[PDB]
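Single chain ahead, written as structure tokens, the form deposited with the partner chain bound.
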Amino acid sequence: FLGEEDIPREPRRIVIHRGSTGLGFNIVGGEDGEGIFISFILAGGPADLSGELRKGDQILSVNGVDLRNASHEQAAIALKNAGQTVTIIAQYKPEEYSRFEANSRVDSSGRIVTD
């Protein structure tokens, strides 16, 4: 049923209450204003438990801090230091994401496939 509904490409706000634990996702990018993308969400982590982030999401800001143009290290810092309640604005950018992962491409619903 769900898998040929388009994934929304509009910006979303996501609030994650993780205390003084990890957010539970990894990021890639951040060279030359390339952008910061979620690459891996850990099963069972706070980011997974939210239900509102996926691989291919761009992190557009964290607690009001704009990361579209962040470096990789400074995004990671922002993320780790964001505090207990972390307000992300994300936007799913599957074509952009797919250029980081090998053999991966974007289907008609906008889902990222890896062959």
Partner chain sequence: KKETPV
The other form holds:
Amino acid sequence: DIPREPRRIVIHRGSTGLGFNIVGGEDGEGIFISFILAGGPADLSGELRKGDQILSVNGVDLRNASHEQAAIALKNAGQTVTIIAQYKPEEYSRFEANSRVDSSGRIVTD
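Having displayed the form deposited with the partner chain bound, please output the structure of the form solved without the partner chain.
Chain alone follows, minus partners and molecules.
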């Protein structure tokens, strides 16, 4: 059972992206992590998953940004990036085609 309280996660950009993609951002639906690249900075933290909502970035409240503004925050957060994330797989699963949340709380995509 995957903890559902908010968490603080620090990522290190170095020489690449942060290593994840984001979806959502229409009409305050929120901004959700959709994909984490293996070996990437997000992956290297070990703390982020597909289905997390990004609540803030370097303390800037994101619960209601557009996708464009999430991406600018993220790009301009510099080298050490602090994220408050919270796992919301049911809300996430409505964004991904053919996806659902099993009884273990994991996102599955048929």
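Each form is matched to the other, and the largest set of C-alpha atoms that superpose within 1.5 Å is called the rigid core. Positions refer to the first chain, counted from 1.
Exercise. Any chance the CA of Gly22 moves 2 angstroms or more between these two forms, core superposed?
Worked result: For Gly22, whose C-alpha is compared between these two forms after core superposition, the shift is less than 2 Å.
Exercise. By how many angstrom is the CA atom of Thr87 displaced between these two forms after fitting on the core?
Worked result: In the core superposition between these two forms, the C-alpha of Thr87 moves 0.3 Å.
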